[PDB]
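The complex is shown incomplete by one protein chain, all other protein chains being positioned as in the whole.
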């Protein structure tokens, strides 16, 4: 019973904390529920659909708030399982963590609105949406990629910024009076931003033919530069996720190495209770050796290069040994002859 | 005659099923015909061009339906050739497959409309368009790439979603009353979606200068994030197709390996009818050896690394042998001297 | 004089034909001149600027036509230099080539217009623009890349096409009557195409809120898919140009190999006129050896892998030799002892 | 004092010149200040906000100009520290450099405006913005990438240009009279440019159904081609920055190599003042050896391949030595037996 | 030898409770329970195929004897232990701190009791320097 | 030797039906038809160039004799058979199940009859363990 | 030997001013100041761990003696000097100009005085050709 209770507590902890499988399914369902709440709130903001939208939203936000409260209670109950935090004081000491603070203040805000409120509801829904990460993984990846490609991103930013400013000013000069859109430089800058980003609202567009020519000559290069960072970030994301996969592979290598070394030592030192013990030990040895050698999957050219270069250095040592032996034979030659 | 009939049946089967060359040409022609039917239907939906459009569409859909019917009959006739399905019961058992069900229900729907129908015609044309794959290859590739890059795609989704929501809400606040476009939050969300995707219809755009500034500050990052997944998917598609090519190369390696081993065994064991037999056998041996060694094209750095590391391990074994021999000579030295 | 005349003829041929340096500068200048002619024609098409535009265009097209005529004459004169075509009949036989036909018919059309003409002028200017390649290099690269990435491009085409059709039909259903934009399916398809491509003219946009929701749900995926092929083609272009560079590097390797082998044979066979001859020959030998070894720049991991694996196979042969010698010593051991 | 003064001068020089850490923070702050000046000028250009905008801009540009002047004076004072320029004449000789000229003329222009001026203010602000680089790093990277991918970029330019011209002309023909937007070819070209770039202002769009069909058929390929260069440039930027990182790694390898060789020579030649000297020398030797071997991080497959191929050539030399020794033993065999 | 063969017969009889001459997965599970360790079905199946040469789903007595006849040098595991120790040797110094050994055996894989790590230090750390090279460990283990 | 040379002359006469001293592609096709196998023109041409040293489009008698004078050790095919067996050895265990041998010979390349695979098992599977290593197979085949 | 051990005791006493038998980082800094060189805290700590085998933060006398007992051939630095000289040999000719040696020692790393580079040229440039191969330098240094 108590052991079952602890096993539950810990499985539930892992599900709420870093999950693997169907725990992702539960997280997807809770995300879908909060997303439905958000869209229903959006509809409620409409005037015509206010009645039914609010009617459904009341029950849906009731369900959302009760689910969030029970999940907070369950998370706190779970934190007591990990050795870092146990008993009464441990759970509170865990709750001192800032993410606990954001989650709990979201909960109390939701309860307070439960028991101009539209703006507060929107704010709390956005905060809940942010809360759905729980690990900063997306933000960490984005920041890491941006830092990695800081030079190219800064190049794109600076060049596109200069292009936008220059094109906007030139068009403004070419359309100061003819086109009422560009009566001020700020309007020209707005036009430049909405074009170079290829949004092209259409509220402001050049009409003087010379202005149109300048707009073309600059929009070519401007749109190219403004599109650059999208592809740069895509490549960065791919590279960084590949790097994380490589590191995970190397850790999955590290563990079976320990397993193999331990089992090999046991098998060496274990040399019909005793015969049975040695049999099971050597059996474990072959199993662990197979597991480790399987874990030694290259996964990358550099990886296999390293594994082979280790053997190549071993080869160098062996050929040094053979050089020593042949030198000994050569020295013996005259000595014995 | 009967052998010719079977050879036909099977060639026709392969053409209808996984094709290689001019069978792709026939498939392209049938796709072009159904596409012409679709565009003619689109024109028929126009009011002015209704007469001629429908006149041509009648004959074109007659041709389409007869072609589809004959192709279905031919496919069923062909399934009897493959050993999985032969005779009478085998063809039906093949037709139990779900894709057969979708194709046949499309056929019967087309016949039923043949003998408010515009909506049904559009639905059946879309279903036919879907049917043109016949292998899920495109869908399989897309799903595989999405799963492979799930982390980066989810990062882009989450970050762009948060950016859209936040920017939309902020602009809505900055343009609640001044601009009639953003009278409700839903309108603001629509604006945010059509801008961050760079579509920029122009029906709704900010006008308050502070609203314009917020729109700029958020649209930069928003458009970058919304463009990310395009490049991510492009890279994923390239990688996955490269992987399929690598696997195909390795299978094309696997087959000639069998050929070489078989022919080498025959040549070894065959050692003027007998002399002629051995001559042809060894002749086959050299031919198969050449074919295999040609098939051993690296195609990749990792591939050549593997092929060379095998030889390097062989080298390690040989140097161990030489170490053993030199140790024997060293031990003999004192023994004989 | 005659030798100087031939050297000129050939240098001029190479400049007109595959150029390297400042010949590119001349080609850029002629391209700029024809481009100026085109833009001046565009301005002439305007009503207000017709007078000055046509005044300048007359002289500019006179210059263009005389330059093109002299270039054609010079090209024909040059073709007589290459051994494939010499004398009188050779130049005509060269002119039988189709590109000669397109160029010459462009020339005669330009002369005919020189001595509703606006449409013919536009056509001839476009044909001249096409002519500026002279090698199909751009078209060859584009076609090669498309063929290489046929699978991913076809995936994008099929999926985006289905998405466009489905989204257009669904919106049309959701906005059949409410929005006058979508009174017919063709209008819906036009909207879908101009949105999924992110062009977003703004003439047609959904207004029914359910239609707006469908438009959002489908435009996300649609714009992603429509953007895919741009990145796919970019990657393909980069890969193909890299491949051409690799092939060029390997040819630049091939030539110095011949140089080295020839010079090494001469140096070997040449073993104070005779001493001077041998001195210059060996001098050439070291020079050619240095040139070749410099030409052996890896340029790629696979390249160095190949060059090292050749030496590794040599190592295998040498270790086989050493195994043979050690076996001989082992066999001698008992024999002599 | 004097030594402290020189150390200051040089640290300040490096901060102003190529900076590493918090010097980037100072540069970011000055960039932010000039950017705030620019945005405040933009607001001043508006009519309503003129009063407060100009009020704040006066003090902000006073701060900007004094900061720029003091930084110019400090830069000149710093140039005297570097050995290239010392004393009185050296600083002026440094100031002869063109970037000094642009900076100083910006300063004098700012002072002159300080003591229709809006246009001059905009020009000087743009020039300041350009000045913020101080090394051409962004421009150098962009130009290098463009040159590297000249072939693909030229392919995209030529193909997209032809597509734009052809599509524009065809639509113009299809909409010469029906749509007032395309009354002239120049309008058609403007439409083509704003669509193929996916800007899609919406001022001009085809309306004749045949014109719409041509617009679709050409806009697909046109938008693909116009989007190509963005991704091409992104890949080029990533590759070039990776190359610079590789070169930096190799220089960081070059320096510790010198350190190791020097320290190894000292340790070899140094063989209780003398014992203490040798102890410290060998201590330095191990430290420098560790630093260098750490500096020998592959960082790349080709790098490790080179480092291992050096050892492989060494192996070839050693196996040649062993072949020589075994040949000697074989020759001795008969001689002694 | 014959005495070793008889010892192996006794071991197998202790294993093959069914007595059919094959150690079924259930028999292996029961004996391991006797040892107190907790096996899973999949890991046990992997075990059988690792030690089974016939792939019949059980371990016939001659296969078991051959396994007991397989000595460490016949295992051909020198390269694998090389690679494992290399994985544990981050710096590539050729050694690894005895503290690192204790930590890694006590916090990875099949955790070893203090006695085991102590005896490993005794046998492998012949030099008694705390930094046990992998060369010496593997050569002593195999020889 | 001279007896072998005369045997090769008889073989060539059986081959070169034209009697001109060269086995034209048509003669090779006819003889192979006699053997009942089905050759194609391209594969036959490849055959000739593989066995032809002059590249004249036919096989003159001394080239044929040299081919018959080429022994397996002189073929220098050890590496190729190494690589083939490695390709078939997915796990890299150094062996491959006799069931795998039967399957692969019977479902890939020039399919071999049951007799051939049985005799291959006999000669190569000297240990009779069902797992034939490639080392032993290639060394026996070459030696 | 015993005489060398006594010399090392004298050296350590000159080092371990505290006299506790361990050379603390401060003692190393003071002695190096005596030598006039400028050490930093981090570089000194790196120094200790490089020469410290116990990792106690100081250098006990037997560790110091072992360091003095470590000879160049026992350093196992041949590969490192190989790689350094290869790095300096851009062309890969197998040598490097004596002018290049002077330049690189005088403008990289711990700059060496003219006397040091001259004696290096003397010992390594045995052939006196100005192009000193790395093979000869490293073999003379180690042997």
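When the chains are written out, they are named A, B, C, D, E, F and G in that same order, and each has its own residue count from 1.
Simple rule for what comes next: contacts are C-beta pairs under 8 Å (C-beta built on N, C-alpha and C of every residue); 3 or more make two chains touch, one makes a residue touch a chain.
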- Item | Of C:10, C:217, C:255 or C:324, the residue in touch with the unshown chain | C:255
- Query: Of C:134, C:151, C:176 or C:266, which one is in contact with the hidden chain?
  - Reply: C:266
- Item | Contact partner of the left-out chain, one of C:282, C:302, C:316 or C:330 | C:282
- Note on the structure: The missing chain sits against chain C at residues 253-269, 272, 275-280, 282-290, 292-293, 296, 307, 310-311, 314
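Methods note: only the chains that are shown with their structure count from here on.
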- Which listed pair, B-C, A-C or B-D, shares over half of the residue-numbered contact pairs seen at C-D? B-C
- Task: Would you mind pulling out the distance in Å between where the CA atoms of chain D average out and where those of chain F do?
- Result: 62
- Query: On chain C, where are the residues touching two or more other chains?
  - Reply: 43, 46, 186, 198-202, 209, 227, 229-231, 234-235, 301, 305, 312, 315, 319, 322, 326, 329
